[PDB]
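Structure in structure tokens, see below.
One chain of protein is taken out of this complex; the other chains stay put.
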Amino acid sequence: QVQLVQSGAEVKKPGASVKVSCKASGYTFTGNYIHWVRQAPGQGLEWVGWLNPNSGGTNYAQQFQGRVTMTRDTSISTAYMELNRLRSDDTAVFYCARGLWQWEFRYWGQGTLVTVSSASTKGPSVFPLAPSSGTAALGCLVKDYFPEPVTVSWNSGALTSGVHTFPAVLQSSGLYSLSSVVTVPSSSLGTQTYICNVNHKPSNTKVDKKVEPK
Amino acid sequence: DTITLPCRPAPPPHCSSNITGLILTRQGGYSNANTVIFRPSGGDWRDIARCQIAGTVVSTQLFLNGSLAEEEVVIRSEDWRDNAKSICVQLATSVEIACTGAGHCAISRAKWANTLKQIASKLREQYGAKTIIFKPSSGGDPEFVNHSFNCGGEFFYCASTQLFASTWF
Partner (left out) sequence: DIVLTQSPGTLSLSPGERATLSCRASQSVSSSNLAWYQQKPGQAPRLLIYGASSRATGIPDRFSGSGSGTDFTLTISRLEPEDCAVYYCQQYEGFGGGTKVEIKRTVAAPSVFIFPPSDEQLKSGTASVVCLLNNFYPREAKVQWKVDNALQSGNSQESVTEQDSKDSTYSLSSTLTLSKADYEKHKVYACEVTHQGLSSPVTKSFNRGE
């Protein structure tokens, strides 16, 4: 079966460069062109360029001509895509694709997230969203962390109904932030303990903030 | 006065040929103005074989000792809107490339610019009255990034950078 496996996610600073790999298997690597498609967060698909693995020839999109370079290594069936002089707006997910004959992209890689930021790895601060005066709402504010992701759990998986963990938003400071909320009965307050479990793998941060009224 | 192309190894004078056609790749993406860019073909041997305007000489980018057009330049392609399909250019008047023997083959500057303007004229009939620009090869292995050819068992690589660097309005 034909499959494409790409390199892992990358965190680069503005002005640096990144190189993404794409290993092919299940077919003759020199028989089909390798394309690359870019997708910015929440945006559409954008074609970057194709590469002929047999000859090494490339055809880059005009908007990427100058900063992109695509090469390959036939002995490992791996294609490469390098993007130099990265900017903040270059944060996107890069896919490598192969067509049935050319453009009918039936085979895609899993994608490679390339985030460009001058921020450093930082753990989040967990602040409570205390309930006040049948249904009451409470939650936790996971603020100022980098990079993504951050997992949230309530009562170590014992409370899942009515839980809403919002997607992170990129603040103007370069740090991410999100909130996790849950609606509970008003009578359950005071008697029932509500713990939000926040984990941040990149910074090895683990916070168990208890949400209380008042 | 002439266009000197660096070649490796040194082609002997008897390997001088007649340029009868080109093979091009239209650069994709979205341009900012009415400009269409062309480069030496970024494909492989399949793009050259399906041209069918070549002779017994095996060459890349430039067709040496091949079929000439009867009256005017004839450009052909399988899809003019598929940038992955090469554009086959067949000249009507051959352009002679003379190799000295010290590692450089010569091409007349004026007679190559005359052929590039006729080529840009035929290209506007397919892509509208726009600005036609020729740019060097986007890269690749030595036999395809350079103008390569065989002659008497040997294989020669000539850098074609100076041949594709003009703008026609």
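To keep things simple, chains are lettered A and B as they appear, and every chain counts its residues starting from 1.
FYI, a residue touches a chain if its C-beta (ideal position, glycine included) is under 8 Å from a C-beta of that chain, and two chains touch if they have at least 3 such contacts.
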item: Among B:17, B:59, B:83 or B:138, the residue in touch with the chain that has been omitted; value: B:83
item: Residue of A:88, A:120, A:171 or A:193 in touch with the missing chain, whole complex considered; value: A:171
item: Residue among A:25, A:28, A:88 or A:110 that touches the chain left out of view; value: A:110
item: Candidates A:16, A:76 or A:130 - the one touching the absent chain; value: A:130
item: Subunit B, residues in touch with the chain not shown (by the definition above); value: 28-31, 79, 81-84
item: Subunit A, residues in touch with the chain not shown (by the definition above); value: 37, 44-47, 61, 95, 100, 103-106, 108-111, 125, 127-130, 132, 135, 137, 139, 141, 143, 164-169, 171, 177-179, 181, 183
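The rule is simple: only the chains that are shown with their structure count from here on.
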item: Residues of subunit A that touch subunit B when the two form their complex; value: 33, 47, 49-50, 52, 54-65, 69, 102-103
item: Subunit B residues within the subunit A interface of the complex; value: 25, 27-32, 37, 39, 41-45, 82-84, 137-141, 143-145
